[PDB]
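Selected chains from the complex are presented in situ; the others are not included.
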Amino acid sequence: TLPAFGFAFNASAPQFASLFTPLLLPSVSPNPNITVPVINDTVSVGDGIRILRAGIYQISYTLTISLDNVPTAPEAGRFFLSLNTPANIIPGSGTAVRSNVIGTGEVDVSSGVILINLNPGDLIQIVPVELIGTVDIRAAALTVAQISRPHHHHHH
Amino acid sequence: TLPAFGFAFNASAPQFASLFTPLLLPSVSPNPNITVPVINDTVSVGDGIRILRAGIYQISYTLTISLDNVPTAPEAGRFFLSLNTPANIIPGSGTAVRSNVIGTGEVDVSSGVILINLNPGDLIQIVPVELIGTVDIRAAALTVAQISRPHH
């Protein structure tokens, strides 16, 4: 039997960040040649990944932000991964972008890899928790993969 | 059997970086609702993770640093994962913050994922290897997960 996993991403539909509003992740099919859903025993709900199987899971994400200091400066954001509800942020999952010294252009940020116990129905999402100016998100991607079955629970 | 793994983090207790001093990682329970230790056949020793089972592992870490160019400027830090001793740095595990490159404010960094053979008693730690100014670490997290039993 296969590990549970999913990969949901945006590489085509820019979005403006909004405080505690999960980022839109409309695609699950990253292979440009053999284009198939990279999903097993998870569900992509358009703005995140829902867990169906209890277990220990690695979760992580990336964003691309277009920085131009327009219409206002500076343009800055802080993002986390959330469990179930947007304010329910997960430690270790911070990313941050600021236009103050980098200047202009697309900037890419990547979270670390968090290991966390998840249960059926758990919803993982990327949420902005602080914003200054208009944050133009040109790409985002959420990665969920099952490291192991529960290590203290028979079914959990 | 169950893959060996550990997640050791600090989200509660800011620390100043000191050269070749492992970062403090007091917590192992990241889920804010069902709070349980994310530890199987590893030990969280308080400033890193000790390997109890030989195998291939994926190792990675994160840091949050507060840059403000006070009391000295610029503020800069370079960090790497260490094996057993702080001088024994692991390739591909490097992170950096430089206030003259990225500007002041809170910055998050993340290492790549390192695939490495590890043996019982191996201690994985996050160490600063270069510090300019007083480097204020607001958060840190270390990730260790077995991907395979020893291939050879």
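As written, the chain order gives the labels A and B, with residue 1 at the start of each chain.
Here is the rule we go by: a contact is a pair of C-beta atoms (placed from the backbone, for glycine too) under 8 Å apart; a residue touches a chain by one contact, two chains touch by 3 or more.
*Asks:* Start from the 2 shown copies and tell me what the total comes to for the whole assembly.
*Replies:* The complete complex, not just the displayed part, contains 3 copies.
Just so it is clear, only the chains that are shown with their structure count from here on.
*Asks:* Would you tell me which residues of chain A are touching chain B in their complex?
*Replies:* Going through chain A, the ones touching chain B are 56, 58, 76, 78, 83-84, 88-92, 94-96, 98, 100-102, 109-119, 147-149, 151-152.
*Asks:* Can you tell me which positions in chain B touch chain A when the two form their complex?
*Replies:* 2-3, 5-7, 9, 11, 27, 30-34, 36, 38, 40, 58, 60-62, 64, 100-108, 110-111, 113, 139, 141, 143, 145
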